[PDB]
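One chain is shown next in C-alpha cells, namely the form deposited without ligand ADE.
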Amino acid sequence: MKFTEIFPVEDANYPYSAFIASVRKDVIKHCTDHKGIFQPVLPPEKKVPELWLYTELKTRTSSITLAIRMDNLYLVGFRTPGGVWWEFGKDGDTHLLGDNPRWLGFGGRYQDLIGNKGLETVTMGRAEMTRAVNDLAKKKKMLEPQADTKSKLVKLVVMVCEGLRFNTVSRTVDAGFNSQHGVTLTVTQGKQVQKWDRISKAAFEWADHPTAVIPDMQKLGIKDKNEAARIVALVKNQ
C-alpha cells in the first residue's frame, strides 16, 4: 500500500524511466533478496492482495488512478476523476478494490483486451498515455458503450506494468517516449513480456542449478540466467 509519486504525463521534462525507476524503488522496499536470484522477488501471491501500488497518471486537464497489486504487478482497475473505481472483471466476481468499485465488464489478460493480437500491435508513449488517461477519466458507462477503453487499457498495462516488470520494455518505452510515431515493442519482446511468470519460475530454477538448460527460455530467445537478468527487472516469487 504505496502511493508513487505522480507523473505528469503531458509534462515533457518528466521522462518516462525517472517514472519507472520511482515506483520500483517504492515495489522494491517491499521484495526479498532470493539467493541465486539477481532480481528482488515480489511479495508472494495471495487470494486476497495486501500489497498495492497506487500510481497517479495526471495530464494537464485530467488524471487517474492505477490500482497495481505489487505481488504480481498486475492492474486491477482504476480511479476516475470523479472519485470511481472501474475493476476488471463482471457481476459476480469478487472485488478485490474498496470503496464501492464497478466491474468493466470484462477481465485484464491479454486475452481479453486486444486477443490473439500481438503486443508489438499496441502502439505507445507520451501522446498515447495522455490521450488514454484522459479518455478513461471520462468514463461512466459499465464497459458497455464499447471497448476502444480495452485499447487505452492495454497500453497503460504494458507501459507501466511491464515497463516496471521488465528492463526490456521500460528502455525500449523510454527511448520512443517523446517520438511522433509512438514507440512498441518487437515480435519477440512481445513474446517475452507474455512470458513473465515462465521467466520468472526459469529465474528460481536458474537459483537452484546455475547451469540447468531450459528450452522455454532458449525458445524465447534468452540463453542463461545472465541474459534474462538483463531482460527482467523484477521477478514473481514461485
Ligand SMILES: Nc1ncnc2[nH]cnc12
Second form
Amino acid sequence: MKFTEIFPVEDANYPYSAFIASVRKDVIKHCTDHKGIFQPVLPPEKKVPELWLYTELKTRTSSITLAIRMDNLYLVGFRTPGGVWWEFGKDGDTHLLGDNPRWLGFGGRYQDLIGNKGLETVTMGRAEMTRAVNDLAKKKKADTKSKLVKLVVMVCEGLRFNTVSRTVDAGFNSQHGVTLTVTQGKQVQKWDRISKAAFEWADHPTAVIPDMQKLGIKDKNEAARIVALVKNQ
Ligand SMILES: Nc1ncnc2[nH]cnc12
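Since the structure above is the form deposited without ligand ADE, I would like to see how the form solved in complex with ligand ADE looks, so please show that one next.
Every chain and every other molecule in the complex is listed next, the one we just looked at coming first.
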C-alpha cells in the first residue's frame, strides 16, 4: 500500500526519468535479492495481491490515480478525479479493487487493447500522456483503450524495462512523440519469459535459451541491461 509521488505530466520541469526512478525505489523496498539474478526480484504472486502501487498522474486541468499491483507491475485499474474506480474486466470476473468499482468491459492485456498489433505503434510522450490522463478522468459510464495502452507502456513497462524508461525519457518532450522499436516491443511483450530465463540463468549462467536468442538477447548479461525488474519463480 505505497502511494507514489505525484507526477505532474504537463509540467515540463519534472522529468519522466525521475518519476520512474522514484517509483522503482519505492517498489524495490519490497523486492528480494536472489542469487545469480542481477535485478531485484518482485514480490511473489497471489490470487489476491498484497502489495499495491498507487501512482497518480496529474495535469494542469485534471488527474487520475493508477492502480498497479507490485507482484507483477501490472496495471489493474485507475481512479477518476470524482473518486470512481475502473477495473480491467468483464461482469462475473472477480474484483481486486478498491471502493465500489465498475468493470471496464475489457481486460488489460495488449491483445485486449490492441491485439495483433505491436507496441511500436502505440505513440507515447508527455503530450500523449497528458492527453491520456485528462481523457481518462473524463470518464463515467472504445478510445479509452488506446489511452490506457499508452500509460501501460509508459508507466508499467517503463518500470519493468530500462530499455523502455530510456527510449521514453529520451523522447518524452519530442513533438512527434516517441515509440519503441519493433524489437523492443517484442522484448517488452516477453517480460514474463525473459524473467523466467533470469532464474534459469541463475542456475546455469551458461545455458543457451533459444527464447532469449529469438529475442536478440544473447546471455544473462544482455538481459540484465534490458530488464530492470524481474518476476518469478
Ligand atoms: N495493464 C498492464 N499493466 C502492466 N503491464 C501490462 N502488460 C500488458 N498489460 C499490462
